[PDB]
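This is what each chain is made of:
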Amino acid sequence: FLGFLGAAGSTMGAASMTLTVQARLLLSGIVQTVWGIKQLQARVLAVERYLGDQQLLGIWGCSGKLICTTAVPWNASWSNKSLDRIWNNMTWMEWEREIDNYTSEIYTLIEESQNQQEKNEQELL
Amino acid sequence: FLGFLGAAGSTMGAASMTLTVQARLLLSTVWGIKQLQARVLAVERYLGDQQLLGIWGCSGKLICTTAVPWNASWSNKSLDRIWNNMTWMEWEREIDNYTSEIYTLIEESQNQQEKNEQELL
Amino acid sequence: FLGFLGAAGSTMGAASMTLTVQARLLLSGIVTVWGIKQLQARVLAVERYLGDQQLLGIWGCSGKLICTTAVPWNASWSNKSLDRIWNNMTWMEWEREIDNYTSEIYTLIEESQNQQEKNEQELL
Amino acid sequence: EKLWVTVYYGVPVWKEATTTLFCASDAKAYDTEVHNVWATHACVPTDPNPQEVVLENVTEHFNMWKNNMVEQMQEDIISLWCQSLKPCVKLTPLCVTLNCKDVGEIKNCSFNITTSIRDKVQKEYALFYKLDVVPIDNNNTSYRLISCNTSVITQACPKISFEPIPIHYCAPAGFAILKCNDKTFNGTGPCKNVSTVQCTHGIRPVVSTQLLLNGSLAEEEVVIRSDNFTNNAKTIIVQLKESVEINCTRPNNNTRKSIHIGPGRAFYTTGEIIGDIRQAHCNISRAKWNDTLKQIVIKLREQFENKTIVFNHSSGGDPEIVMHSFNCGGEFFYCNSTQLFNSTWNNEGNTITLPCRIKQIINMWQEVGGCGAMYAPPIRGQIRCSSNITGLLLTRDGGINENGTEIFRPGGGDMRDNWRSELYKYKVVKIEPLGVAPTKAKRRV
Amino acid sequence: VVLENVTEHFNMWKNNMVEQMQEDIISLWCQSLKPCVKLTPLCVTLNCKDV
Amino acid sequence: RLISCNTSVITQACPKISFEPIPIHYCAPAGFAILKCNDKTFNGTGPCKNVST
Amino acid sequence: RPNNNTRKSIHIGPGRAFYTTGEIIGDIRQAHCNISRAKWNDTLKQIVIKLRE
Ligand SMILES: *[C@@H]1O[C@H](CO)[C@@H](O[C@@H]2O[C@H](CO)[C@@H](O[C@@H]3O[C@H](CO)[C@@H](O)[C@H](O[C@H]4O[C@H](CO)[C@@H](O)[C@H](O)[C@@H]4O)[C@@H]3O)[C@H](O)[C@H]2NC(C)=O)[C@H](O)[C@H]1NC(C)=O
Ligand SMILES: *[C@@H]1O[C@H](CO)[C@@H](O[C@@H]2O[C@H](CO)[C@@H](O)[C@H](O)[C@H]2NC(C)=O)[C@H](O)[C@H]1NC(C)=O
Ligand SMILES: *[C@@H]1O[C@H](CO)[C@@H](O[C@@H]2O[C@H](CO)[C@@H](O)[C@H](O)[C@H]2NC(C)=O)[C@H](O)[C@H]1NC(C)=O
Ligand SMILES: *[C@@H]1O[C@H](CO)[C@@H](O[C@@H]2O[C@H](CO)[C@@H](O)[C@H](O)[C@H]2NC(C)=O)[C@H](O)[C@H]1NC(C)=O
Ligand SMILES: *[C@@H]1O[C@H](CO)[C@@H](O[C@@H]2O[C@H](CO)[C@@H](O)[C@H](O)[C@H]2NC(C)=O)[C@H](O)[C@H]1NC(C)=O
Ligand SMILES: *[C@@H]1O[C@H](CO)[C@@H](O[C@@H]2O[C@H](CO)[C@@H](O)[C@H](O)[C@H]2NC(C)=O)[C@H](O)[C@H]1NC(C)=O
Ligand SMILES: *[C@@H]1O[C@H](CO)[C@@H](O[C@@H]2O[C@H](CO)[C@@H](O)[C@H](O)[C@H]2NC(C)=O)[C@H](O)[C@H]1NC(C)=O
Ligand SMILES: *[C@@H]1O[C@H](CO)[C@@H](O)[C@H](O)[C@H]1NC(C)=O
Ligand SMILES: *[C@@H]1O[C@H](CO)[C@@H](O)[C@H](O)[C@H]1NC(C)=O
Ligand SMILES: *[C@@H]1O[C@H](CO)[C@@H](O)[C@H](O)[C@H]1NC(C)=O
Ligand SMILES: *[C@@H]1O[C@H](CO)[C@@H](O)[C@H](O)[C@H]1NC(C)=O
Ligand SMILES: *[C@@H]1O[C@H](CO)[C@@H](O)[C@H](O)[C@H]1NC(C)=O
Ligand SMILES: *[C@@H]1O[C@H](CO)[C@@H](O)[C@H](O)[C@H]1NC(C)=O
Ligand SMILES: *[C@@H]1O[C@H](CO)[C@@H](O)[C@H](O)[C@H]1NC(C)=O
Ligand SMILES: *[C@@H]1O[C@H](CO)[C@@H](O)[C@H](O)[C@H]1NC(C)=O
Ligand SMILES: *[C@@H]1O[C@H](CO)[C@@H](O)[C@H](O)[C@H]1NC(C)=O
Ligand SMILES: *[C@@H]1O[C@H](CO)[C@@H](O)[C@H](O)[C@H]1NC(C)=O
Ligand SMILES: *[C@@H]1O[C@H](CO)[C@@H](O)[C@H](O)[C@H]1NC(C)=O
Ligand SMILES: *[C@@H]1O[C@H](CO)[C@@H](O)[C@H](O)[C@H]1NC(C)=O
Ligand SMILES: *[C@@H]1O[C@H](CO)[C@@H](O)[C@H](O)[C@H]1NC(C)=O
Ligand SMILES: *[C@@H]1O[C@H](CO)[C@@H](O)[C@H](O)[C@H]1NC(C)=O
Ligand SMILES: *[C@@H]1O[C@H](CO)[C@@H](O)[C@H](O)[C@H]1NC(C)=O
Ligand SMILES: *[C@@H]1O[C@H](CO)[C@@H](O)[C@H](O)[C@H]1NC(C)=O
Ligand SMILES: *[C@@H]1O[C@H](CO)[C@@H](O)[C@H](O)[C@H]1NC(C)=O
Ligand SMILES: *[C@@H]1O[C@H](CO)[C@@H](O)[C@H](O)[C@H]1NC(C)=O
Ligand SMILES: *[C@@H]1O[C@H](CO)[C@@H](O)[C@H](O)[C@H]1NC(C)=O
Ligand SMILES: *[C@@H]1O[C@H](CO)[C@@H](O)[C@H](O)[C@H]1NC(C)=O
Ligand SMILES: *[C@@H]1O[C@H](CO)[C@@H](O)[C@H](O)[C@H]1NC(C)=O
Ligand SMILES: *[C@@H]1O[C@H](CO)[C@@H](O)[C@H](O)[C@H]1NC(C)=O
Ligand SMILES: *[C@@H]1O[C@H](CO)[C@@H](O)[C@H](O)[C@H]1NC(C)=O
Ligand SMILES: *[C@@H]1O[C@H](CO)[C@@H](O)[C@H](O)[C@H]1NC(C)=O
Ligand SMILES: *[C@@H]1O[C@H](CO)[C@@H](O)[C@H](O)[C@H]1NC(C)=O
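Protein chains in written order, with the authors' numbering: chain B, 519 to 550, 569 to 661; chain A, 519 to 546, 569 to 661; chain Z, 519 to 549, 569 to 661; chain L, 32 to 134, 152 to 309, 312 to 321, 321A, 322 to 355, 357 to 397, 410 to 431, 431A to 431B, 432 to 505; chain X, 84 to 134; chain W, 192 to 244; chain V, 298 to 309, 312 to 321, 321A, 322 to 351.
If we strip away everything but chain B, and leave its shape as in the complex, we get:
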């Protein structure tokens, strides 16, 4: 029984095999006065937060899957720790802190070299 927010502080590679145990609760928006206006402005946050990440996922590679790879060559300006250190004795929370300043720079290079694939997909035909 893993549950929501299971191996969070555990090994990064250990959590890399258990993505679906906590990704389901981010999904499943099915259902199965002061606080009337508190519900209205917070139920819209349920559809804002869920759909706010399904736009970025569907653009890059991920249509209906959780692990989609791209062709960005992983530039060396940011952190370049080896495989045996990132996936063995480090956690996801620690990883995002070291790379937080470069999340937008890494992201903005992913939608490009994706239209370069989409245009090459159309031009091939």
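The hints are simulated quantities; they were obtained by calculation from the structure and are not laboratory data.
Each computed DMTMM-like pair below joins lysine to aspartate or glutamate, with the alpha-carbon atoms no more than 25 Å apart:
| hint | chain 1 | residue 1 | chain 2 | residue 2 |
| --- | --- | --- | --- | --- |
| 1 | A | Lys601 | B | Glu654 |
| 2 | W | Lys231 | X | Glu91 |
| 3 | B | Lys601 | A | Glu647 |
| 4 | L | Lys231 | L | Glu83 |
| 5 | B | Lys574 | L | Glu64 |
| 6 | L | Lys207 | X | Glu102 |
| 7 | L | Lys500 | Z | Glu632 |
Using C-beta positions, here's what the derived DEER-type ranges look like:
| hint | chain 1 | residue 1 | chain 2 | residue 2 | range |
| --- | --- | --- | --- | --- | --- |
| 8 | Z | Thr639 | A | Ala578 | 27 to 35 Å |
| 9 | W | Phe210 | A | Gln577 | 28 to 36 Å |
| 10 | A | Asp636 | Z | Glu659 | 26 to 34 Å |
| 11 | Z | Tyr586 | A | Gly524 | 22 to 30 Å |
| 12 | L | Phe353 | V | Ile322 | 55 to 63 Å |
| 13 | Z | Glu659 | A | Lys617 | 15 to 23 Å |
| 14 | A | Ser546 | L | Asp457 | 50 to 58 Å |
| 15 | W | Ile194 | L | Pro417 | 44 to 52 Å |
| 16 | V | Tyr318 | L | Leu483 | 36 to 44 Å |
| 17 | V | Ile322 | L | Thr51 | 50 to 58 Å |
| 18 | X | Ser110 | A | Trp571 | 15 to 23 Å |
| 19 | Z | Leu619 | B | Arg621 | 49 to 57 Å |
Just a sample of chain B residues kept apart from chain L, beta carbon distances all over 12 Å, derived:
| hint | residue |
| --- | --- |
| 20 | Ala526 |
| 21 | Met535 |
| 22 | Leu537 |
| 23 | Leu576 |
Beta carbons: idealized from backbone N, C-alpha and C, even for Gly.
Once you've looked at the hints, dock chains A, Z, L, X, W and V with the ligands against the given chain B.
Relative to chain B, chains A, Z, L, X, W and V with the ligands alone:
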């Protein structure tokens, strides 16, 4: 508007072409608050079922097949007995009390189906 | 990095490279008379995006950007060649010559998709 | 060479429409627990680095007189002021005859009042101006409030100030706001220096009549824009290069005395005035106004009006329109302003002293909104406020004059014109990213 | 669900949840008094005799 | 006189509405989690080991 | 209804009016209304005919 809730009394096999004309129209002072609560309600009716469709097989299409066994505890009508001399209103009235146990069955062997792509990669 | 609404009056071919720069900054912006104006306009962007997110999600596309359709381009509407539309007009210029046809165009692009879903379904 | 069709997500198409806009502030209100009228605290903070983007090879039509976004600006200010005046003290049982005595600009009006305890009579006195009280008699000194007939007079909330801090309007996501800063913009025409912005700059929601204060200066030179110069009833909006400044105050030092109406409601008024009494005045420096007026008439002689122009004062009649409205520190001014237009332009005082009276009970929002009157509470001590004149509202007079051109009057008398002088270069559009185009692709399947 | 090998810096004197908690109790009690009887003509003289 | 005739508008607690505090539960919307430190003898400000979501 | 008159405004209090007739001009009459015979009983006959079931 041309065929909104269209051939609902016709042959069940005549629903091959009329899905689009219906699926296109699922989203089209305290009085403004009441009017706004209906607008956010339609945002929940649609995309509350698209999240469901976005789970199992139908991410961005209308007809997706599933490899569930479809046992014979419920009605055993064949393909001809279902798709020709029946309407969808009558059809959903026969499996209305069984679709609750049906919906969790497609989820079975679906998260397991998602495991092999991770296992292969 | 041309920014949001960059090469918008520029060449058709150049505008065919930066479709996605107008997509990431489309719904994510900054986030009681101002409060009701805040709420009734934030939800106005969510439902407007989903109003034409089905339109991508029915015809040919699932979540991708440039998806092909099998509509054979009937010659009733504008018949400019490939070397004309992709060379010296912008997207705003092109929309002025096709705007009234989109009622007939959209109901035809969604057509020949149910005709396609059967072909994959009966083959299995 | 058969051609198919393909779709495109991310196509820039504008086809402008109407939406509902946001509210943004600079988050410089370090003074906590102020909570001014326009709810600047209740707007989204933290919008730094307004990264504008330049647009090129683009032409589209800007409009200002046919704009509907300024209607939303005028609609908010009606609602913003009306909702602020609701949840505080009303003073409606003050519609009583007043036995006043001259003490003069101000008066020593006294009346019988009933306290919170019923059937009690207390002899309390306050101070009112001539613009707030009117008599219904022949020569008797009885007085009554100006708007006691078919109107409700409420008191402005005391702990909420009237400071004009700027706010920023923003369109919702998916809606773009365009701007034109081409030099010497006509007002209604295509633009070339078009630049899309995330959302517009800081509007100043100050209310004024006959002039414009704390606006944005011109980019190159003094520009004049209108719809048609041949019509008599159409307003004229101008913009200045060099801002004209006013260093003025109101020496009326006094103290505020709390007079009970009531069941929890409190009526504020000035009491024992201290010091030598003086009237409200403002200095406008010469060699900076007629020099400014010299720049205005340089292209006022251009191909809209030919020659022999002349400046005149207001038409007169209804007082609430013809004078120049003013507001600083929580007090509303209604000022004599004929001395800035007592000249003729055809081909020794250092400063211009404008006399000005004070009107505590205003009626400005009632005649357009019907929300109600407003009793401005007195402000303790002597107040001083300095502002820059950045625009003027001029209106020609209809008539016949064979020898000369018709006169110019400054009495515009409109509310919507006060916000079109800064929103003159903004336009809201809706971005639908859809679009179709032919190519060579077959959807292999 | 319990969490293992986890650390986090907590606080309770600057928590924003209790600040929202104070906002409701003001609002719920104030809204409950509006749409029924008021008693404002009562602040009058009261000839009071001890029982 | 009544004690509150200064600076207050005195209303009446509404007769058909009770004051009984029935327990309520505060709950975060989807996409938000609440962290609970159920460790024994919590100091009030500092690290916690038995953090439960 | 023959009731042609000039309405009067009564100063009830601060900024309020009370419109009531006090100056009726002409001759007083009781308000009558026509319902045409040979058509209403024609309808009433049709009402009971389908009730004969
Ligand atoms: C056009 O804009 C100008 C801006 O220069 C504006 O003039 C200012 O008006 C305000 C209105 O009250 C004057 O009063 C100030 O209000 C601020 C509000 O936060 C106060 O902080 C100021 O206090 C300062 O000074 C105190 C000493 O007297 C200090 O103890 C205190 O810490 C502050 O530093 C002050 O009360 C303000 O003085 C003027 N500014 C100038 C330069 O004259 C004008 O009103 C605008 N036009 C119109 C028509 O409103
Ligand atoms: C206004 O008229 C009053 C007369 O009622 C003048 O006298 C004041 O009367 C009140 C009421 O008893 C006293 O509390 C004040 O102390 C009186 N004033 C003085 C100076 O003795 C009053 O002077 C007049 N002028 C003003 C500015 O109030
Ligand atoms: C059209 O106007 C834009 C302004 O919106 C010009 O961009 C600015 O040009 C000035 C030159 O005087 C620069 O100092 C600014 O830095 C420019 N703005 C930015 C954001 O960089 C633009 O140059 C104008 N076009 C032409 C051809 O002059
Ligand atoms: C505002 O001030 C001007 C300047 O004083 C007033 O114009 C004067 O009006 C009086 C009326 O009795 C005349 O006697 C003067 O001759 C006028 N001045 C000049 C220079 O001619 C103006 O009337 C004032 N506004 C109002 C509404 O009275
Ligand atoms: C009004 O005009 C004055 C002077 O023309 C402006 O004061 C200058 O403002 C600029 C930028 O805001 C500063 O760089 C200068 O240092 C200021 N001058 C002085 C002498 O300090 C003022 O900003 C204008 N606007 C307002 C609202 O007062
Ligand atoms: C961390 O907290 C959890 C509960 O929040 C503890 O789990 C409980 O432990 C007690 C033992 O005292 C058992 O009686 C309960 O049955 C447990 N709860 C459940 C749901 O099984 C856990 O022991 C705590 N761990 C530490 C190290 O303090
Ligand atoms: C109603 O009663 C009044 C008496 O109270 C009649 O007399 C009117 O009285 C008022 C008040 O003094 C005068 O202004 C009117 O001029 C009186 N009427 C006439 C005709 O003289 C009044 O006539 C009665 N009827 C009506 C319809 O008002
Ligand atoms: C996580 O905690 C468990 C508890 O016994 C321990 O066995 C495991 O080694 C820990 N893992 C890490 C990466 O600290
Ligand atoms: C990597 O980042 C550095 C830092 O700016 C930059 O100079 C370099 O060109 C980048 N290289 C690639 C291949 O992106
Ligand atoms: C994590 O474990 C590795 C291998 O056991 C070792 O380098 C060390 O114990 C940890 N790494 C660091 C940087 O402390
Ligand atoms: C990230 O950028 C900020 C800039 O405000 C800087 O203070 C911080 O040190 C940066 N992070 C790292 C890990 O260098
Ligand atoms: C047979 O049908 C029942 C439905 O009542 C189902 O629960 C069961 O799993 C089915 N058998 C198999 C082997 O799938
Ligand atoms: C189940 O199937 C058999 C034959 O396949 C049929 O005779 C029977 O009627 C079916 N059961 C029901 C409930 O219809
Ligand atoms: C179709 O169903 C109807 C309804 O019971 C029945 O009357 C008819 O005979 C059926 N026809 C066939 C061909 O099964
Ligand atoms: C569906 O199943 C439920 C089970 O409780 C039953 O009560 C109901 O009558 C059924 N409906 C039918 C057979 O139409
Ligand atoms: C766009 O503007 C550039 C500016 O130099 C010009 O060279 C180019 O020809 C223009 N393209 C179009 C299609 O107008
Ligand atoms: C093309 O459209 C015209 C008018 O809409 C129509 O007459 C013609 O038959 C169409 N051609 C085809 C091949 O659909
Ligand atoms: C599109 O059709 C409308 C309908 O009358 C017409 O007014 C418009 O001119 C048409 N557009 C073009 C480019 O022909
Ligand atoms: C009301 O004020 C006037 C002012 O002189 C006074 O004569 C009169 O007696 C007062 N009324 C009462 C009831 O005291
Ligand atoms: C009112 O009476 C005084 C006293 O004689 C007199 O000075 C004044 O002129 C009169 N006012 C009017 C308008 O008759
Ligand atoms: C009542 O006040 C209004 C103000 O709009 C005024 O025009 C009217 O003359 C006043 N009535 C009397 C009888 O003076
Ligand atoms: C400005 O626009 C008006 C109408 O929009 C036009 O009559 C006038 O000639 C224009 N002025 C210019 C282009 O200088
Ligand atoms: C301005 O007025 C003239 C005549 O007074 C009229 O012909 C013209 O149409 C007006 N301008 C506009 C934009 O309507
Ligand atoms: C207004 O006052 C400021 C503050 O001392 C001063 O710098 C400025 O020169 C004054 N301007 C005039 C016109 O008096
Ligand atoms: C204004 O009046 C107050 C109180 O009457 C006094 O303290 C202050 O000194 C006065 N101001 C001046 C400039 O004298
Ligand atoms: C403008 O005013 C200045 C004030 O000193 C004066 O010297 C100058 O002659 C005036 N010019 C005109 C044209 O009135
Ligand atoms: C201003 O207009 C009035 C209106 O009658 C006129 O009497 C006066 O002479 C005008 N002033 C000038 C300087 O022409
Ligand atoms: C206004 O101008 C006229 C011009 O004849 C002059 O007589 C009068 O003194 C001037 N008034 C003021 C206040 O400058
Ligand atoms: C009511 O208010 C007055 C003035 O604020 C004060 O003097 C009086 O003591 C208050 N009542 C009581 C009972 O304290
Ligand atoms: C509790 O926290 C305070 C400040 O956060 C610290 O001063 C104190 O030493 C702590 N007590 C402990 C850890 O027992
Ligand atoms: C009723 O009285 C009004 C009073 O002005 C008059 O205009 C009207 O003609 C009268 N009605 C008839 C039918 O004469
Ligand atoms: C209905 O009333 C009319 C009156 O004109 C009469 O002639 C007719 O006979 C009546 N019909 C019946 C059925 O009573």
